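Protein chains: 2
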Amino acid sequence: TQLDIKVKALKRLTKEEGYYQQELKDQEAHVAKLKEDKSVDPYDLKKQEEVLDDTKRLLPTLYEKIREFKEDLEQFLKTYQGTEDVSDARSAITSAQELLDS
Amino acid sequence: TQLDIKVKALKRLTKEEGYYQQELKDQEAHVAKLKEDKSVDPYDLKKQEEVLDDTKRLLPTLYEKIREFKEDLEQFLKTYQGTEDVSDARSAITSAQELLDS
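Same order as they appear, the protein sequences are chains G and F.
Using full-length UniProt numbering, the first residue of the first sequence is number 4, and each one after it goes up by one.
Using full-length UniProt numbering, the first residue of the second sequence is number 4, and each one after it goes up by one.
Looking at chain G on its own, in the form it has when it is part of the complex:
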């Protein structure tokens, strides 16, 4: 059903954001360790910093799509006359909204 497709599209986008946020947190820990050790060569620290920057640039566009996907689902629900239970859809919208606000 179209409802099901729109809900899964959003649920899968928010799950991916979580996945990417794990990576980003793990990379920052690694850069923190190198930055704290003054015996580390600035070039080896830079290689790692430049990689973090790349990962980070991914998030902005991801949040742009989470918003579109959320708005799409919300607009679809305002005129929905079907018989399906829309609780999962509402719950998906709330979780996405929480993320955008955080």
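Worth flagging that the hints you see were computed from the coordinates, not collected in a lab.
Nothing false has been slipped in among the hints.
Where chains are identical, the list cannot tell them apart; a pair therefore holds if satisfied intra-copy or between any two copies.
Subject to a maximum C-alpha distance of 20 Å in a straight line, what follows is the list of computed EDC-like cross-link-like pairs (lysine to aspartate or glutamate):
#1 68 <-> 29
#2 59 <-> 19
#3 50 <-> 67
#4 14 <-> 91
#5 14 <-> 101
#6 59 <-> 20
#7 14 <-> 56
#8 18 <-> 67
#9 68 <-> 57
For chain G, the structure is supplied; the task is to place chain F on it using the hints.
Leaving out everything else, chain F in the frame of chain G:
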């Protein structure tokens, strides 16, 4: 040691590529299913295709960094005089090279 830092830097990049390659494979499976179903609204399919395209854009820059990190490690080894066992380094270089050649 500087050797260990360079080896790890590279090994973590090749492990990241594998992670991102899983995400990509899972997204194409999803888009594939929506593309076969002709009952699906062009816009819902498009939402998914656009996301796939983004995921893909991430790989090229990732391969560029694997090569740079590979070359940095290879260059470091040409003049290495330490006492550490460099088998792990050579092994890291080989896996990275396989990836880039595939």
